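So this first bit is one chain, no partners, the form deposited in one PDB entry, shown in structure tokens.
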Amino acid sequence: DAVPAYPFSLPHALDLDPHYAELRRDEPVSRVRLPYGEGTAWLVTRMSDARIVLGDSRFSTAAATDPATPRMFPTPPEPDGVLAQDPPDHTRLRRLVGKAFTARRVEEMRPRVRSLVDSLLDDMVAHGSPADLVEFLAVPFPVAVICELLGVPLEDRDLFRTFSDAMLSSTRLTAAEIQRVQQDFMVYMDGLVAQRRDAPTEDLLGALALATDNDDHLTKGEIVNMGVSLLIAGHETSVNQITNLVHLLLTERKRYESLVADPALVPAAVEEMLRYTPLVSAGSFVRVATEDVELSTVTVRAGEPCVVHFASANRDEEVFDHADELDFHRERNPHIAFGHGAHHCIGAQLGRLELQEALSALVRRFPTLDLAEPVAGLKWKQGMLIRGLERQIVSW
């Protein structure tokens, strides 16, 4: 078969492969070969189509767990993972921990999160300028937040960051290597919830331990696997996204200067750079049509897999004026940086708060901030399902 391989190309900095603009204009729904599984998938590049694939009961992710189904990552999907559940099983699984992630309960974290940020920026001005913003902010801040929310010990970071780094592989590690790390993270998370046995905690692992023997409708595999999911996504998205938003702000300093001048524009800026930033390297957890579904240019047939490119939907010229331009004064911004439908990011309010508090602190305290390492030498992460910087040396 002569369907193109997807991803089309190895990524460059925070650039979109220019084939997405071509596909959105002339072939918004096209067949591709994903790097793992067997067969072909439909790639969905336009926002209207992405809302159907992500938003409709006729598309199942549970159906995508067969080792033969195309997928973006080397290991077959974990059948007990939240992404691989369809409603109503998925809806019952989300209720295990949803109370903690409501806009209302996340907003209540702002005082402790601001205070965490300030402490780490205090430590960075102690080191003095220039310093690596990865080591001083992007890693320690999200890590501290997800460790206090879940109740994972902070001194256990190198341990779970090693595990997260491997399980975020697109092409860096082989299936066998990742399989082994998944088993190691499984028993690690199972031991963390099992310590709550005769010792209940007021944290999310506490709630997961009470569910282990008060639910009879949730399996232990599903419960422990939620802990693993939240610990990985709950820091790795944010880590990368801090370095991504700072890169966009310092490479056209005009943006940074605009937020220095009016720090109240940070929340809108965060939504615009969420839209603009291709955090997700390529595709998505696969959705398999369970019936024929009409998309813009094609009827997908029952049994045909589909994949969305979130970044491409976020550049759709039919949804956003001057889509390929960064605009913090944009009036409407219905981006899907956080997805759409059942699997809409559970952590979306926490990612927003962490990005708001990280830039707001920077823009207020360090108006003089600039990149202090050549742009050509920037160490973009290679072979992972997300994009971001290994290191970002800044001066002030």
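Basically, rigid core = biggest C-alpha set you can superpose within 1.5 Å across the two forms. Numbering follows the first chain given and starts at 1. Compared with the form deposited in another entry:
- Comparing C-alpha positions between the two forms after a rigid core fit, one residue in 257, 317, 118, 190 moves 2 angstroms or more. It is 190.
- Relative to the superposed rigid core, residue 224 undergoes a CA displacement of at least 2 Å between the two forms.
- The Cα shift for residue 170 between the two forms, taken after rigid core superposition, is 2 angstroms or larger.
- In this overlay on the rigid core, residue 137 has a C-alpha that sits less than 2 Å away from its partner position between the two forms.
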The other form holds:
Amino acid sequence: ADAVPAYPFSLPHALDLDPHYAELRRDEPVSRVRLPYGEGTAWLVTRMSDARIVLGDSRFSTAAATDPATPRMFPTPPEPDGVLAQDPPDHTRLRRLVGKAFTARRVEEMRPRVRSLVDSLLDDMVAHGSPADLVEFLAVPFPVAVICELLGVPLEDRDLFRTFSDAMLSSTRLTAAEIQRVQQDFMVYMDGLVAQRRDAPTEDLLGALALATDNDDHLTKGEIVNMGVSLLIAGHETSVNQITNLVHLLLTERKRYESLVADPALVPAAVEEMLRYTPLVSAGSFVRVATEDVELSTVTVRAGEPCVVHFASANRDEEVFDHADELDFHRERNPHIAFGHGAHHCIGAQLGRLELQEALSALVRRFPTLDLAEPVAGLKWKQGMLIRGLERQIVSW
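Could you switch over to the form deposited in another entry, since the one displayed so far is the form deposited in one PDB entry?
So it's only the chain below, everything else dropped.
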């Protein structure tokens, strides 16, 4: 009786927002759409208080989304293993157990060694000389290296992590027969690595999860193994591409970068803005299913109905933010769900931020003359992709 528009509404341009989300926020915050895969229609959530419910409220099952027939933004139906597709109370336990060690305090204390890692990379680049591809020298290498340091991986065998990481991306460049073998090899190493943490303690994250005080809650061996793998992947692509995404915004209006060469203390406040202002997820939600009827403004979604939150839209909610379409490094408040919200609120959110602030602070500190040496018009944005990012980024300092 009506279109049942397909979502994604359009192929994305750069880090632009389809001008439709804006119209929906006024004309229809919660509307039916058709996701590219699965079966039936679903609810595109476009505003914050609504997204906060769909991501917040216990009456929405992600583990339900595992049904091949349930809508989704990607082709291969998610395995029910994934922590993302984990309902409580089991998920709630994973988060409690992992969250006890992945404290914000562990991440802020990593900083000094994360500063020391961006430097080795910004050396390699200055060795190459200007102009240089910021993807190659910084963004690709920096995150994987950071995670290795989180897991306390010895320097040798970090190439495995890099080999396994790149074997999981969308453009893997490797066949199904290869993906199988690298998986085994990596998992077995991780197996032995967790064993070493149990037998002989360390102080890295795995180490803290591996310890077990006798009379109280701790994780199994296979859980600890898998959490590490889960963190590794979930913080790779997002951070690789989020780095180029903030540099890209920083130079395209170069008035921005110079805002931070002027007052470096803005780097953290900046990083938050750019998280809120960047469609790192082009068309968004992992689907959520109402296990009971749930009431949003303007639409009450019924038990059994799948939903999709668009993060970056909520992040531009005209009530929540002012001049949400304009990048302001001096907002008093920044309630962005760029890290998601509620149960599945990004684990690595604090680490994510550490990484960004360290990449930008270093860039400002080492290259106040940083400039995009590629013409903007030439820029190679990644195509047909789930997470937005640049293929390439020649910069000149």
